[PDB]
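Only one chain is included here, represented as structure tokens and corresponding to the form deposited without its partner chain.
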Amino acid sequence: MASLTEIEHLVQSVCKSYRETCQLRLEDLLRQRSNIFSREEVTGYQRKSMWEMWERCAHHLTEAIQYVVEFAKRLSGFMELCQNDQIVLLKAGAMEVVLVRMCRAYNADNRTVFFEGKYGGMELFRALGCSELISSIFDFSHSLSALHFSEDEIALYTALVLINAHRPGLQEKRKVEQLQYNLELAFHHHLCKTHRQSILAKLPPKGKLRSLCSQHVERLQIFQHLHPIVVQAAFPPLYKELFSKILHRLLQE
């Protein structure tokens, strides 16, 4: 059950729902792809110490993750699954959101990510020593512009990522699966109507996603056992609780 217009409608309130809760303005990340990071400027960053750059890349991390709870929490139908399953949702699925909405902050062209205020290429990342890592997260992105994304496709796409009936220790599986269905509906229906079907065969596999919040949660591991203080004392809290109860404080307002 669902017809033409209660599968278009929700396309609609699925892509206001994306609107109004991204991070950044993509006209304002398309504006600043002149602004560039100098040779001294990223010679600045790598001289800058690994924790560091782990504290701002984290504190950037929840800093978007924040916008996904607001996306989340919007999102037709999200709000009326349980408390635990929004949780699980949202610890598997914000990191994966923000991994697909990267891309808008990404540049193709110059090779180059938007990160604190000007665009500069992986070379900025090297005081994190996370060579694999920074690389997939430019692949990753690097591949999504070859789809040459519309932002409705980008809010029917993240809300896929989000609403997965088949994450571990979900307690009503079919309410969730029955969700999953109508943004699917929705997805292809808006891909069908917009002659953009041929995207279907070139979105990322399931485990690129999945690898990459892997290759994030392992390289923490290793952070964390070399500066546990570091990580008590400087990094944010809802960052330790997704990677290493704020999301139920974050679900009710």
Contents of the next structure:
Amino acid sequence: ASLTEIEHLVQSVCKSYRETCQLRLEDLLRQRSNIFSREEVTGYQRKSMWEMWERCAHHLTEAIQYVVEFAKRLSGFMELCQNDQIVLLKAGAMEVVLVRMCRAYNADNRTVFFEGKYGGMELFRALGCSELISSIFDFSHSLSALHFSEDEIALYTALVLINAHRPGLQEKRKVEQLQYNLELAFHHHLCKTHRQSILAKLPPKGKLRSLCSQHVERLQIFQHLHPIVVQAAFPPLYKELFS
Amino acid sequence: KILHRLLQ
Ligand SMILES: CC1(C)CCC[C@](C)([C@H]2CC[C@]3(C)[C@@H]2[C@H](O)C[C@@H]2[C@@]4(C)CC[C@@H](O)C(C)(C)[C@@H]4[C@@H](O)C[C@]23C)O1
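Form deposited without its partner chain done; form deposited with its partner chain bound now:
Now the complete complex, all chains and molecules, led by this one.
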């Protein structure tokens, strides 16, 4: 509720993000030419479905952990009640990951960083869910067309997380105050850096809900054909969030 | 269980 309070919110969010982003951008850019060879890709396509789901679920969980830590350092988050902190994270941890991951996607060759190197979606054929994979690559693609800055990613991912429309929130208005302050910080920064054109091009709020949904739907199909593998080999946190 | 623990 003041121009410098807002300029200052921007820096703290940007700062929170740099401290919690898991992979440094430089490194992800270095590695772009470290591409998987055809033999390696075959190696992956010939791993069993369940070995491959388990690997993907561990990576996702590593990534989600950084998202929690981002939440904790977020100005305002910890001052909410523990019901709403949980609600917000259950809903949006993954959505945030869906945005973060575009730093690791290369639009020139349609690849994504995974286990050391870059690969295309044919890398993940063993999972048996190519509609989900290609929705994720198409999402990453469409974000890469906005050429985000890190500051822009910080501010926007803070807004994804801090959504006052989530069902289950008890202290709903305290989330609106926090949201609104972050709406402002973000919009101010785009105004300062001449980037308000990107607003019209951002994904519909629908789109992140949809991909989160496909994920849950394919999970259930998998779980139903491999109940014990989920029970015995899937990270607890993954199961907390997605079962 | 898990998320509560990470938050405290
Ligand atoms: C949902 C399941 C478990 C099942 C279907 C396939 C997916 C979507 C697979 C396909 C691509 C996948 C490895 C994804 C993982 O979650 C998380 C990762 C990651 C976000 C997780 C780790 C991140 O540091 C990084 C490199 C950005 C990954 C992405 O570069 C690729 C991604 C997004 O996982």
